[PDB]
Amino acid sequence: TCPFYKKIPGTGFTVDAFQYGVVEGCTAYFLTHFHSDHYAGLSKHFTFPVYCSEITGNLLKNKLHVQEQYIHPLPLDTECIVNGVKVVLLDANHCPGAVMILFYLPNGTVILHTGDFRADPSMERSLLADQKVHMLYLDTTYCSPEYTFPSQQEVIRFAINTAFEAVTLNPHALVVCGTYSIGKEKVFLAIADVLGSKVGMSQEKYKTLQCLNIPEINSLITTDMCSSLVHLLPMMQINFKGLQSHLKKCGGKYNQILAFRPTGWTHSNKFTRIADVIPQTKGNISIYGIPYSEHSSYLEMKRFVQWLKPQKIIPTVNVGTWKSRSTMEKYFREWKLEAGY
């Protein structure tokens, strides 16, 4: 059964609610982004209207085979009427195709659902500038002050400089980057661009990338692994055994691997600056964990919420324990007392 924080009162709508069967009263199912915890339940047999971005619609059609007649793509930054209710989709600064949804309820209430997001000051000049929000359904993944990490630009600067140094010292080194979902594509794209290479990958991953509307993608990626010195592999293979096994397959073209594991936050963020990060090394294999986040830091989140000044907040992440729920409610009250709303 569908939980309360996935329902939008006063409408026939749900958000990210595909794993509960037929939801009573639902006339349109919204999908914020193509991550498995959110799409869990969709397939070619789904027969209700799905509302989403163009990019999410490309992924639903090609990767999950949802039939075309049930896919409803909406443009961003544009007022749209869905089943008699005005909605807007906004870029969430998460993975490709990810949106926040603004719902203008028939009684005058305005609701923002963030989906998964990485808050940014640029959001303070979207269509959110223009009006009040009564209810915020908030991505609270990192809602505690211990969660710190650098900007995505600092993290990419570190990766490009690390890869370019290593391959200039050794032209026979291969670079490998782990992946397990869409998102974080700048990691492997920026490294391949500095090296003058296409990115090599499996047919399955190439298919996924081809749904993303990335400009000039045909110039950047390939399934011909032999022509490429940046390879993508499943995240589960980014370990000494998996990488050893991979280097055997490369026909004596390479004599070293440098690998990157993009993660979210890890506790080593509580001690070590990005500049000071070192790899784990065994023999001719080195592995860097790099903290490339597609979710708000605590400070980014707080800034956004103090600017928006919502009347009520409903968290959408970390809702399963009393301790998590209590901690989050405490911070919402500080923020409100500090800013005066």
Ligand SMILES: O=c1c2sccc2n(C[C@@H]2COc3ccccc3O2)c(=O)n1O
Contents of the next structure:
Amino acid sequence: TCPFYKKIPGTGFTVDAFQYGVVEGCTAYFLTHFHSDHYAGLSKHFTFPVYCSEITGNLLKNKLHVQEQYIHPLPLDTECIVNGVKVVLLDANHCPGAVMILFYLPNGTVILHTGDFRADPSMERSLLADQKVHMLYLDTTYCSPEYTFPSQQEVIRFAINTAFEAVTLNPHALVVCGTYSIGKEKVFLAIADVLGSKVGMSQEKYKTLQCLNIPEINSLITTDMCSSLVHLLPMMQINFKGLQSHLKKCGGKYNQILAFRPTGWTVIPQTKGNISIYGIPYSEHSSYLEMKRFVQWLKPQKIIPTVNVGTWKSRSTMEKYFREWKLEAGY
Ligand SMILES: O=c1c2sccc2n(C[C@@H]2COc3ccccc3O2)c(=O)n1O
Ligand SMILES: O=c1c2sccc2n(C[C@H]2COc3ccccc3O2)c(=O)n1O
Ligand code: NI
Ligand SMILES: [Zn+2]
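After the form deposited without the ligand, can we look at the form solved in complex with the ligand?
The next block holds the full complex; its first chain is the one shown before.
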């Protein structure tokens, strides 16, 4: 059955609820972003209205083959009405097309659903700053104080320097970036840019990137694997066995592979010869401190976690931090 934290009280709206069949009473199915854990169950056979960002709409149409008639894209930072309810979509600082949703209920209740997000101080200078938020449906992925990771700017700097130094030393080295979900494009795009290269990838991945409305995307990506010094591979192929196999397929060129595995929370590489694999802490979710700062700024009356809610221990642990944040901030 559809869980309580995927339903919007006082409306017939659900959020990221496509793996429970037809949810009783639901008139509009919202999709925060095009990540599999969240669109799970959506297919070409889905027959109900889906509300989402323009970018997510492109991906629904072109990758999932959802009929255009059920896809209702909405602009960002724009007040819109859906089934009689005022809503606003805000950038979630997650992956391309990912949004947070502000629901303005008729009774004056304001609900913010963060989808997946990486909290940032720029959100404290947005449409959120105006009205009060009574319920917060919160991406609690890393709601534990051990979850610290650097800024995205810091991780990109390490990746760029690592890649530039390795290829300037060895002009015949190959850089590979593991990708699965959309998101974290800055990793391979920044590496390619500093190497004066395009990023080669499979046709299915090129098609995915073409849906993302990235400025000047045809100037940085290509399907011609041979021509590029940066290759995208499925993340499950980012291993010594796969990188050796991929090493041979490049017409015997490239005598070295430098690979990046962009993992959120776990730097030296695992090296088996001419192959090195860097796990880099590029996250598109809030760290604990970023999450805590956002919530203490927003001062919501009620928090509904949407992540790690499946065990009583995790729910109890998150409620403790919520109380600590509320006591410390005085709301
Ligand atoms: O919906 C998901 C799902 S479903 C299964 C995995 C995920 N992840 C990746 C997880 C997030 O939490 C993590 C904590 C520690 C290490 C890796 C992690 O990776 C996610 O980041 N999101 O958003
Ligand atoms: O934000 C994310 C991220 S970040 C990295 C992966 C994801 N996923 C995909 C899910 C399902 O597939 C996965 C496979 C491997 C690791 C995590 C996964 O999580 C997601 O569904 N969301 O929403
Ligand atoms: Ni996600
Ligand atoms: Zn997720």
